[PDB]
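Report on the following structure.
With one protein chain withheld, the remaining protein chains of the complex are depicted in position.
Per-chain numbering from 1; labels A and B assigned in written order.
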Amino acid sequence: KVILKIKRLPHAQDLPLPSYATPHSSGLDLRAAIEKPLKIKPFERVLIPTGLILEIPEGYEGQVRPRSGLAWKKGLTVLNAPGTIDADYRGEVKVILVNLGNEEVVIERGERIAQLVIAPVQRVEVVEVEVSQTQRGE
Amino acid sequence: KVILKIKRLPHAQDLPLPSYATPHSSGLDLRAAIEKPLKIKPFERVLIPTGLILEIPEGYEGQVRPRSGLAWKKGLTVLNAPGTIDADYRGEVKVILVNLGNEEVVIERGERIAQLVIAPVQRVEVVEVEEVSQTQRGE
Partner (left out) sequence: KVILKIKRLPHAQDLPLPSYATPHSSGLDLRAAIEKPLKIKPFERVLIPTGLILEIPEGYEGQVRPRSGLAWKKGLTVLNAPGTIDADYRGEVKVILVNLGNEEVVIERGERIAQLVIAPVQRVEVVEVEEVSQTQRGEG
């Protein structure tokens, strides 16, 4: 099985480890490692720190995906979804939440704001050609 | 060879089954299983039912992705894209469309509003460490 090393920064010690809700969940939940609650006005973005520093193994990546509950109930989503967490990233993972609703939103301390999904990547060799004909065409 | 079991709810029994458009398309067509045409004002979001209950096989997941056509022509996109459909999900798959254009948009009966891509997802074993490896890109 693939192992995922996670190191909890000072502002993520009291919060629980990212875990799977169900034995067939696709991703681990990400929490807002914030001090005081955060107020997100409509139509602007906010950089929320998670307090996690991960070692994603070779051949795999991390994807910061939105939470379906926060998206429908409050109009909140991850701006750059799917956030590409490269396997060689050693800094603090951060989530860019943006409010596409027309009404104020508040994110509390330790609230699940996104989900990190670990998936295999295919690194391709790039060659320039001068392509095959298909039925889909252009 | 992998199979996908789909149960069509009564409001999706008349609509056609999800099918790959081309012999090498990546996703299935997701249709709005609604009776009346839906109007989405600018900056509005709607939860549209598909009438579909999926049996995504173990080791694979479902991703609700936006349509390139509706995105450019009208500004419609999936709010939680890529919408994660877990393998053990037995509920009715729903789609959250948001109108990020400047005009009102109408979603008609059984209209292609998203695409569902089946892709392999990797279950990992979470392990907490006190130090990570120093690496090229750094922070």
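Observations on the model:
Quick note on the criterion: contacts are C-beta pairs under 8 Å (C-beta built on N, C-alpha and C of every residue); 3 or more make two chains touch, one makes a residue touch a chain.
Of the listed residues B:118, B:126 or B:129, the one in contact with the hidden chain in the full complex is B:118. Seen from chain B, the chain kept out of the figure touches residues 1-8, 17-20, 22-28, 53-55, 60, 63, 65-68, 71-72, 75, 77, 81-82, 86, 88-92, 100-102, 115, 117-120, 135-137. Within the complete assembly, residues 21-24, 43-45, 47, 58, 61, 79-84, 86-88, 96, 98, 100, 119-138 of chain A touch the chain that is not shown.
Keep in mind that, in the parts below, only the chains that are shown with their structure count from here on.
Chain B has its Cα centroid 17 Å from the Cα centroid of chain A.
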